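Take a look at this single chain in structure tokens; it is the form deposited in one PDB entry.
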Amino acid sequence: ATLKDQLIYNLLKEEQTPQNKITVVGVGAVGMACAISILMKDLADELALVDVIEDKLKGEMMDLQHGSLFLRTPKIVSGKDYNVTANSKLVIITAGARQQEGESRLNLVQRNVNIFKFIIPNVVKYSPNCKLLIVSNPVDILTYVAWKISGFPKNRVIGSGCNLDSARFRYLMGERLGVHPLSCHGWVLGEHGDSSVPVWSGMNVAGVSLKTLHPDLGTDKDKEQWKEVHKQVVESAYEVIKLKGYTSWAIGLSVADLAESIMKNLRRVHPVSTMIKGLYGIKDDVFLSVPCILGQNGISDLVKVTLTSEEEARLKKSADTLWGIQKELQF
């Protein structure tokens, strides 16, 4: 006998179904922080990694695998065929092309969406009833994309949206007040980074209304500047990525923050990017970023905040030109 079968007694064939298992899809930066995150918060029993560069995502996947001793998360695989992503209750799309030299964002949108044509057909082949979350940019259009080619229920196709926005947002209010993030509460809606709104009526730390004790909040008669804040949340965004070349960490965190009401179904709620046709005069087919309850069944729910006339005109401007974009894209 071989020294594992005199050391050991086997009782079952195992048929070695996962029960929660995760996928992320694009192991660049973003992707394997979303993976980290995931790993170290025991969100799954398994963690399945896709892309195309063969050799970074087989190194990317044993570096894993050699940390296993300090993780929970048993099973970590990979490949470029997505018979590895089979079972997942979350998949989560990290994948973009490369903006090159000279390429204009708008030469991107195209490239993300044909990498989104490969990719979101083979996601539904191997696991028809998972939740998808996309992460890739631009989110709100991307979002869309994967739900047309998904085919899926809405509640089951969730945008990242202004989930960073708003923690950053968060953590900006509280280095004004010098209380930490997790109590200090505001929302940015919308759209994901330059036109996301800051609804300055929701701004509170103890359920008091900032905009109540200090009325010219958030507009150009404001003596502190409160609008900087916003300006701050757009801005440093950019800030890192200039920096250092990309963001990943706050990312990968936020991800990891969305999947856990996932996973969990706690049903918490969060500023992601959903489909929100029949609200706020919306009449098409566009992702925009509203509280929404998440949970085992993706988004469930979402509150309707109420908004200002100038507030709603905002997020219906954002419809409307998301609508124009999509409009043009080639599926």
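Here the rigid core means the biggest group of C-alpha atoms that line up within 1.5 Å when the two forms are laid on top of each other. Positions refer to the first chain, counted from 1. Compared with the form deposited in another entry:
- Looking at 239, 216, 103, 175 after a core superposition between these two forms, you find that only 103 has a C-alpha shift of 2 Å or more.
Go ahead and give the structure of the form deposited in another entry, now that the form deposited in one PDB entry is out.
What follows is just the one chain, with no partners and no other molecules.
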């Protein structure tokens, strides 16, 4: 005889179970951007957030929940314990250790590895069938780490790899050609960051190859210096971090885009990081970005792009470096 029972006659028993649920692990700037991007595209019927910093955590969930009136994601949960994560179709990992001067390289990744040693088994425990999307840097190596710890088949472990990189290149291409980024095509492949590969030959508007029309494209001997676009892609992140302290909006939109293909089983093609041992002369267990078909089973297929022998070596080189790092890691 409460107000609720006087107002509502109940008919049904107890069968909840979110059908289309996503978890984001890490509520730093990247994680919440992914979160907001996912809420505003209606990708999920349940959103769960996890982090080890409890005050931050809860505060972010509340803020988001207070905007429910303007969303169509009817349940938003969070917490330090991975039970809130239960039965997620997709889990996005952004958590990472904060970097720091006064230490070199293996230190950084090993530290993140120590964190994934606790995060990963927790996620698989609660969502043994989910697809994993890794965003934490260095991304290609952490995707391998997530892949090894989890035990998942390679199709279900995906690193954001060069996805944003390629988005950046398309913005810059579009800005020069006075064309919208959707209509400028170009792929940034390989290792996310400094050693990424701009595949000039695939660069085009409307099917029209820019290399075929402008042979100097991507070389050092070109009056337009297109090579600069790619050097801008590599340096844009540092630039943004220098300017604002971190990047968030763009990687969030970027990750929402992947989530959409997967949640909705689109089979769109996106540059993401995948386990390519057995391709391009690559002989070790390493993750690099190639064009992958993304749907309800994660990466079900990838595109074999034809690469120049120079592009092959760049890839190979990255592979040897990631493997060198990886074989020194403590799991």
